[PDB]
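Please put together the full structure from these sequences, using the hints given.
If you want the building blocks of each chain, they are given just below.
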Amino acid sequence: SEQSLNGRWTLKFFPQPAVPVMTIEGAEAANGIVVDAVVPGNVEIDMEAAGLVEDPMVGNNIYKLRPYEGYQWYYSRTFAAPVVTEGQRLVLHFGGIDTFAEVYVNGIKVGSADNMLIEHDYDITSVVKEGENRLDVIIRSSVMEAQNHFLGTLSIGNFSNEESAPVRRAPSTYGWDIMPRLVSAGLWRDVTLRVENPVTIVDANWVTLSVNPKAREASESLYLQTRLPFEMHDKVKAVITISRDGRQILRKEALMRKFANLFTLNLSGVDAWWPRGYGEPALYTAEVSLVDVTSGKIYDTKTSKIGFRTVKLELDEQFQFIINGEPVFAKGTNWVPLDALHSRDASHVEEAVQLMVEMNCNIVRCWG
Amino acid sequence: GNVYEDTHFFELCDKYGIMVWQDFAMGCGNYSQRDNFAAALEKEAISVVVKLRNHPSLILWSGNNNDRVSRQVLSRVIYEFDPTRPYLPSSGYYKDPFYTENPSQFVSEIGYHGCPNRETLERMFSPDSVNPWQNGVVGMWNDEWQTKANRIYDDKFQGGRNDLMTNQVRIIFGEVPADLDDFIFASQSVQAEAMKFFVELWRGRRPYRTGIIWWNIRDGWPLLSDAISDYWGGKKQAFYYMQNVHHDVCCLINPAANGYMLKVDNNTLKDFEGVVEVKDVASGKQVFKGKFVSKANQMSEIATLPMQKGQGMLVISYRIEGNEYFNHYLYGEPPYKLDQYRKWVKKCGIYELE
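Listed in order, the protein sequences are those of chains A and A'. A prime marks a further copy of an entry chain.
When the letters of the first sequence are read in order and numbered with the entry's author numbering, they come out as residues 24 to 340, 349 to 399.
When the letters of the second sequence are read in order and numbered with the entry's author numbering, they come out as residues 400 to 464, 484 to 509, 536 to 798.
For the record, the hints were derived by calculation from the structure and aren't laboratory data.
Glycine included, C-beta positions come from ideal geometry on N, C-alpha and C.
Please note: incorrect hints may appear among the correct ones.
[Stated by the list, open to error] Selected chain A positions facing chain A' (Cβ under 10 Å, derived; list incomplete): (1) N171; (2) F173; (3) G175; (4) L177; (5) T223.
[As the list claims (entries may be wrong)] Taking CB as the label site, the calculated pair distances span: (6) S508/A' to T326/A: 57 to 67 Å; (7) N741/A' to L174/A: 37 to 47 Å; (8) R489/A' to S183/A: 27 to 37 Å; (9) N741/A' to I394/A: 53 to 63 Å; (10) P507/A' to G82/A: 49 to 59 Å; (11) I56/A to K450/A': 44 to 54 Å; (12) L174/A to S508/A': 27 to 37 Å; (13) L174/A to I656/A': 52 to 62 Å; (14) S183/A to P507/A': 29 to 39 Å; (15) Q170/A to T544/A': 56 to 66 Å; (16) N741/A' to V42/A: 55 to 65 Å; (17) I141/A to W665/A': 19 to 29 Å; (18) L459/A' to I141/A: 38 to 48 Å; (19) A72/A to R489/A': 53 to 63 Å.
Below, the structure is given as structure tokens:
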């Protein structure tokens, strides 16, 4: 099961001193202001709900958020740890930490986040208690982190901010000609608790080897990586299922004699994935499960919709995309930030993608 | 092979107009390709580049060397911290075709041995070791002279680096003088004529030749070397010869089987006009007299002179904007007579035998 740690957290903010606060006794001792925060969220959304800041979308109010770029942000909440059986693993998952922060569980540090753009997973199996556990995240100033680095010559004077060069954050958060300056901070994506069995799927990499659209054939590869205790070797089987709207197309079962395997699926009666105009975006549900051969208990399952498609970039000897052996003409837009407060991006995605569907774009470029 | 000079050195080169070619601190030898040496070299490269990148005299960084150090580590530091300066990964008889027919437009290293002045000899050597000849036998160096060649470790041997002094003297002047003052003058004259010839040959073959960096101007220890001045400030005779062929505008002569080619070289952005006179030293006969126009930043030919018989010296006198300048040319082929060359130098009226 997966227990969500989203909801109401406790947020304490205060100006960052010369020595950044790294511990909990320091965060609790600092003279700050405490507010109810919603996670996923941005700290400016929580402060506007508290009447502390004005709407940055109107007038010149964007400049009034300037002082908070030198603040620290103390997230804290309490969760109930599920009972784990012997061999299982309890994973604490962060989808988005903005940005430089120290993560604590029961007063013990479990990791130090330093990247706004990627997930951060921590194993907290050995540090959790029984019943209620305390989770604490002490974020420091992203702007002041730049001064911990000495910039090269060509890193200074660019259109991107010099504060963005040595850190791993979205460059447009520091300001652009099409995006405001609103560095912000906070847990801007989901925070969840995961319980993993000793036998679990580490990664399922689906790759189209070949596609014959006119023959309705396709060759799909599955590069599967799992966690498999050695006493479970030759006792777990991988169950692979390709389906469309419920109908089953192919089912392959193979004994797991090693933790990593390549399974090749030669499919027939499957349609190729095409960009808009050049055909249908045929998608198929690909499911892989790790099943005990004796008890039949399912230890893990990964599910996603995959498309049978080949891609080749032909560099003219100034390029052309080749999809399924056909030269497509690409027409589309650049994709910019959906919101300066990036926790609201997920609320705009469906409606913003529809703008490209109405435009009938067959391509989109996600701006760096 | 040296340390990096401090800021005051570059401040001086800034205000005197001396461009600085800086090699990174690696010497005749290949170095490690592993990560530990690269990190130490990267930390060193970034430090020295940040310290020196703002001096206008600094014009080039060099690796002095597939190599990670020269083609990856150092080039990556220049790429990020100083993209406005270029980076280069790597660098007998003076009329022998090895020197003459060298096809390089830019020579980076070239030098000839020269015995230091008597005053520097008497200061660094013990009294009984000032004279180089052990037992008076000409050619065999005593132990203290073998030390100052320079012998890195105290191994007792005969010959080696010091034999370059007697070999180059034996070529030009036929025999090695036993008298110390004669040997000093002979060794310094060989270095002086050889060094002056290389500069006149490179300045005289413009615009094909683009530059010459000779080795070297000053010693960093009381030593017997190919430098033209010692650690104690004692200028060898080559220093005065080299000084007269390093002028902004220099009238010089290059050899030709047809005779002598009187040229004038200009290392400025301005044109200059003057009058040049060339006369034979042993006879006093005037070989040439006339005005010249030296075009800017180029070599200009003045005249071709008639070939004189045998061996001798031509004195070159030229006046430019109210200033007198002097040069000379030694004609003929070695071996020369030492006592005859000394008379020619004294009568030339430019260099003192000291």
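So, going through the hints one by one against the coordinates:
Hint on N171/A is violated. Least Cβ distance to chain A' is approximately 16 Å, over the 10 Å limit. For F173/A, the interface hint holds, the least distance from its beta-carbon to any beta-carbon of chain A' being 8 Å, beneath 10 Å. Against a cut-off of 10 Å between C-beta atoms, the interface hint on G175/A holds, since the closest Cβ of chain A' lies about 4 Å away. The criterion of a C-beta within 10 Å of any C-beta in chain A' is met by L177/A, whose closest approach is roughly 6 Å, and the hint holds.
Interface hint at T223/A: violated, since its Cβ lies 35 Å from the closest Cβ of chain A', which is beyond the 10 Å cut-off. Distance hint check: the CB atoms of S508/A' and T326/A are about 59 Å apart, consistent with the given range 57 to 67 Å. Restraint check, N741/A' to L174/A: a C-beta distance of roughly 39 Å satisfies the suggested window 37 to 47 Å. For the hinted restraint 27 to 37 Å between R489/A' and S183/A, the CB-CB distance of approximately 29 Å keeps it satisfied.
Remark: the range hint 53 to 63 Å for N741/A' to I394/A is upheld by a beta-carbon distance near 56 Å. A hinted range of 49 to 59 Å for the beta carbons of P507/A' and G82/A is consistent with their spacing of about 57 Å. The given range of 44 to 54 Å is respected by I56/A and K450/A', whose C-beta atoms sit roughly 46 Å from each other. Checked against the hint of 27 to 37 Å, the C-beta distance between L174/A and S508/A' comes to roughly 30 Å, which is consistent with it.
A hinted range of 52 to 62 Å is violated for the C-beta pair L174/A and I656/A', which are about 39 Å apart. A C-beta distance of roughly 31 Å is found between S183/A and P507/A', which places it inside the suggested range of 29 to 39 Å. The hint said 56 to 66 Å for the Cβ distance between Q170/A and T544/A', and at roughly 59 Å that hint holds. Distance hint check for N741/A' and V42/A: the Cβ-Cβ separation is about 60 Å, which falls inside the suggested range of 55 to 65 Å.
Checking the proposed 19 to 29 Å range against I141/A and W665/A' shows it is violated: the Cβ atoms sit about 59 Å from each other. The given range of 38 to 48 Å is respected by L459/A' and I141/A, whose C-beta atoms sit roughly 42 Å from each other. Taking the beta carbon of each, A72/A and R489/A' are about 58 Å apart, inside 53 to 63 Å as hinted.
When held up to the earlier numbered hints, the structure conflicts with 1, 5, 13 and 17 and fits the remainder.
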